[PDB]
Amino acid sequence: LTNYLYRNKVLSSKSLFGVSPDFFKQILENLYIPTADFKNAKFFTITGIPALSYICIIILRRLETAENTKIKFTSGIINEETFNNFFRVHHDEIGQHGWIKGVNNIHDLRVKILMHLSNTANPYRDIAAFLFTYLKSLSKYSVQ
Amino acid sequence: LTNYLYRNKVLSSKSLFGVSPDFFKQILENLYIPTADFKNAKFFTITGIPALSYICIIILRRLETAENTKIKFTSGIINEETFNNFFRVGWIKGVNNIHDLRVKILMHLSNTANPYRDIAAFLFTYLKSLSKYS
Amino acid sequence: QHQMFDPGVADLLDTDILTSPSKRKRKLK
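Chains as they are written, first to last, in our numbering: chain A, 54 to 197; chain B, 121 to 254; chain C, 2 to 30.
Hints were generated in silico from the structure; no laboratory data involved.
Hints may be right or wrong, so weigh each one.
For the chain B half of the interface with chain A, some residues (derived, Cβ under 10 Å), not all of them [claimed, not checked]:
1. 170
2. 204
3. 207
4. 209
Note that the Cβ used here is the ideal one computed from N, Cα and C, for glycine as well.
Kindly produce the complete structure, drawing on both the sequences and the hints.
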């Protein structure tokens, strides 16, 4: 579950839901993307899953209105290729204001949306609560 | 006097109204100055002179009205790092360095907006390098 | 910070009271 949600290392794993990861590979080259920079990294993450794809965008748009940053997120889906291109185009304007405070890159972004998703009371607080315990990196900040 | 502001050669000048190249060590070492990258020059320029710094600020938002973009500066002093800090906290595009901003401050200061056009006008009188800015 | 002026200045004077907390506290009162 963690590999399918946040780890994004299914290919290095030996199986996923009883299916060998190399089966996933074969579908990917047959699929067509107009600009495939990191084809494998887009599909398998918290933002790339269709169940949690659009609700991810809704939380981000709430953050942009609250912080009132200079530039809004025009794209409809969050992935590595959109984030760096968004920052690369406005790299001149990144240096002074950038984006919502507390985030430096997409890796920080994917948690920041989850911190809000865990902070508020909603049906998918349970999704973030499960991911907290078995992420060993963030478990350090908790007491014991 | 025209060297003393906005020339970046005051510390290299052998004469500061009769003064050799020093003063940079001790008080700056008693409490370390958190700035660098031509930190000497902003100690000298008209926008960096503490009394003349705010007169530039009074010019600055007059220039801002002239440039039709309004934004408040962080401090009453205008220098390299503060302008960068003011940038990082809504303004005209095409200028991002303090060299050209001080130019746009000085030419408006050379207009009869404050009685201290006399300093700005005298600076543009000498030298011929400063004459083309006016 | 023990000298308000250059080391060539502090030769004539003495920064001993600034260096020593005992003298620093004694001189305040």
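How the hints compare with the structure:
1. 170: 26 Å, violated
2. 204: 9 Å, holds
3. 207: 5 Å, holds
4. 209: Holds, because the Cβ-Cβ distance from residue 209 (chain B) to chain A comes to roughly 8 Å (cut-off 10 Å).
Hint compliance for this structure: hint 1 alone is broken.
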